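Chemist: Each chain, written out:
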Amino acid sequence: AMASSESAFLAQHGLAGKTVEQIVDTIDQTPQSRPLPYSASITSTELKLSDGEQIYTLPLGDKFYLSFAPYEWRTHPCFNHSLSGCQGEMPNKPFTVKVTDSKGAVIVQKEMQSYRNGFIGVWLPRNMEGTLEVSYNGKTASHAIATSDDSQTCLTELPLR
Amino acid sequence: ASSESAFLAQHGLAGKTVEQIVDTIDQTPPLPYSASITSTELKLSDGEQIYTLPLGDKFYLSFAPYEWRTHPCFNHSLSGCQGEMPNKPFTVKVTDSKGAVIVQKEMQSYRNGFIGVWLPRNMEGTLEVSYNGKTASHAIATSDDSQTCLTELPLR
Ligand SMILES: [Cl-]
Numbered sequence: 001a002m003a004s005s006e007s008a009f010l011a012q013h014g015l016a017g018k019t020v021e022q023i024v025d026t027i028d029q030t031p032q033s034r035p036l037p038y039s040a041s042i043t044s045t046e047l048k049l050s051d052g053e054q055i056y057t058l059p060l061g062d063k064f065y066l067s068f069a070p071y072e073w074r075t076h077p078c079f080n081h082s083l084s085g086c087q088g089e090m091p092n093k094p095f096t097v098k099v100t101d102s103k104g105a106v107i108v109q110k111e112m113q114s115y116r117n118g119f120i121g122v123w124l125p126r127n128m129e130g131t132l133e134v135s136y137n138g139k140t141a142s143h144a145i146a147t148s149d150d151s152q153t154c155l156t157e158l159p160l161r
Numbered sequence: 001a002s003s004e005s006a007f008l009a010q011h012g013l014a015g016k017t018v019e020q021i022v023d024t025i026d027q028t029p030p031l032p033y034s035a036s037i038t039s040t041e042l043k044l045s046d047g048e049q050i051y052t053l054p055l056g057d058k059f060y061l062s063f064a065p066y067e068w069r070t071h072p073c074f075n076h077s078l079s080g081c082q083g084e085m086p087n088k089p090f091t092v093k094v095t096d097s098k099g100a101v102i103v104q105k106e107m108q109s110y111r112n113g114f115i116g117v118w119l120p121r122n123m124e125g126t127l128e129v130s131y132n133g134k135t136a137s138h139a140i141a142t143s144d145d146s147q148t149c150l151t152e153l154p155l156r
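Protein chains in written order, with the working numbering: chain A, 1 to 161; chain B, 1 to 156.
Certain hints may be false.
Here are the simulated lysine to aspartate or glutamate pairs, EDC-like style, with alpha carbons at most 16 angstroms apart [what the hints assert, rightly or not]:
(1) B:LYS16 / A:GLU129
(2) B:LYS16 / A:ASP149
(3) B:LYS88 / B:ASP57
(4) B:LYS16 / A:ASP62
(5) B:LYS43 / B:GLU19
(6) A:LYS93 / A:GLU72
(7) B:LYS58 / A:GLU21
(8) B:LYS43 / B:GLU67
(9) A:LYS103 / A:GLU129
(10) A:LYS18 / B:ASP57
(11) A:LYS18 / B:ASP26
(12) B:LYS58 / A:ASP62
(13) A:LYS63 / B:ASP145
(14) A:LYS18 / B:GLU67
(15) A:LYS63 / B:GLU19
What the simulated footprint calls covered on chain B by chain A, stretch by stretch (three residues with Cβ under 8 angstroms from a Cβ of chain A suffice, anywhere in the stretch; the number is not a length) [stated by the list, open to error]:
(16) 1-7
(17) 42-51
(18) 105-111
FYI, nobody ran anything at the bench for these hints, they're computed from the structure. Yeah, the Cβ is synthetic: ideal placement off N, Cα and C, and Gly gets one too.
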């Protein structure tokens, strides 16, 4: 009969009518310093949103979201990515990004720009295992990744050497 | 925890992707809640409040082949007029405007007489359904304002 607080939250933060990917992309890529006015974190299966004590959960779709932040000097640990609170070391930098699965298939291969928050997000098939490689100005980092339901959505262990 | 998050947990929708939730609902063999799907979201209600779950990259189209009788339908929901041919085998083909075959599958209609397909967004094309040497066809589109229910499929 009446609009939920959850539905109203969506409407007031610019998120109504968007697909869940567009919502995640919009939030992760917002060109503001952190923290954002509301909290947002992402797991293998849910986007969690909050205006205060109260939490809304939006199911993800067919694709797993991995957000990673390459670094040169220092890093911080991360399991589920905070779209609203975390700052990576390298904002607005051009990277070359390659994701390859366990049987050699290239899933991602392109030039990507890190966001204001220093992260890059990719949308990946679920239940794969593979490798992410990142490269910047002659330097590279790589790390094993997986996209099962218990896999992390945040990868910060990418020291460029 | 919000009314919304609790609702999902309580009805065992927690940790499912939005496609799994839609599939579960549409394919159920008497859900204690209401549900309606649009081009861009799933609406859920407990009768007091309405929750909205954004869909993903694919459009959900639910359709009902028929032989003798049919009913008009805008967006697909649990309530309203149901389909006509429950738990039957069909062969479903979807071709896009440039002739690419998008789906070609044998699919079983659900207890409500519908079949659901997940399609790329912003495409136009044709849906064709076969059953016992009879066929039905209809133009379809998956734009942000297209309907998610198609009942105009007379098997002939
Ligand atoms: Cl709510």
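Chemist: Decide, hint by hint, whether the structure agrees.
Modeler: Evaluated hints:
Among the hinted pairs, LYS16 (chain B) with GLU129 (chain A) is inconsistent with the structure: their alpha-carbon atoms are about 20 angstroms apart, more than 16 angstroms. Our distance criterion of 16 angstroms between C-alpha atoms is met by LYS16 (chain B) and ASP149 (chain A), whose separation comes to about 10 angstroms. This hinted pair does not check out: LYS88 (chain B) and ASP57 (chain B) have alpha carbons roughly 28 angstroms apart, beyond 16 angstroms. Of the supplied pair hints, the one linking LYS16 (chain B) and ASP62 (chain A) holds, its CA atoms being roughly 10 angstroms apart against a limit of 16 angstroms.
The suggested pairing of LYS43 (chain B) with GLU19 (chain B) holds, with an alpha-carbon distance near 13 angstroms, which does not exceed 16 angstroms. Distance restraint check for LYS93 (chain A) and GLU72 (chain A): the Cα-Cα separation of roughly 12 angstroms lies within the 16 angstroms cut-off, and the hinted pair is therefore satisfied. Using a Cα cut-off of 16 angstroms, the hinted pair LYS58 (chain B) and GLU21 (chain A) holds, with the two alpha carbons roughly 11 angstroms apart. In summary, the hint linking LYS43 (chain B) to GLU67 (chain B) is not supported, as the alpha carbons are separated by about 30 angstroms, beyond the 16 angstroms threshold.
In summary, the hint linking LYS103 (chain A) to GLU129 (chain A) is supported, as the alpha carbons are separated by about 9 angstroms, within the 16 angstroms threshold. Under the criterion of a C-alpha separation no larger than 16 angstroms, the hint pairing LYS18 (chain A) with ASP57 (chain B) is consistent with the structure, at around 10 angstroms. Taken as a hint, the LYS18 (chain A) and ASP26 (chain B) pair is broken in the structure, with Cα atoms around 22 angstroms apart against an allowance of 16 angstroms. Using a Cα cut-off of 16 angstroms, the hinted pair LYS58 (chain B) and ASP62 (chain A) holds, with the two alpha carbons roughly 9 angstroms apart.
For the proposed pair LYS63 (chain A) and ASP145 (chain B), the alpha carbon gap of about 23 angstroms is over 16 angstroms, so the pair is violated. Proximity of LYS18 (chain A) to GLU67 (chain B) is assessed by CA-CA distance (about 37 angstroms); at most 16 angstroms being required, the pair is judged violated. Between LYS63 (chain A) and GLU19 (chain B) the alpha-carbon distance is near 11 angstroms, which keeps this suggested pair within the 16 angstroms criterion. For the region 1-7 of chain B, the stated coverage by chain A holds: 5 residues have a C-beta nearer than 8 angstroms to a C-beta of that chain, and at least 3 were required.
Given as covered by chain A, the region 42-51 of chain B passes the check, having 6 residues with a CB less than 8 angstroms from a CB of that chain where 3 are the minimum. Evaluation of the coverage hint for the region 105-111 of chain B: breached, as 0 residues show C-beta separations to chain A shorter than 8 angstroms, against a requirement of three.
Comparing the model with each numbered hint stated earlier shows that hints 1, 3, 8, 11, 13, 14 and 18 do not hold.
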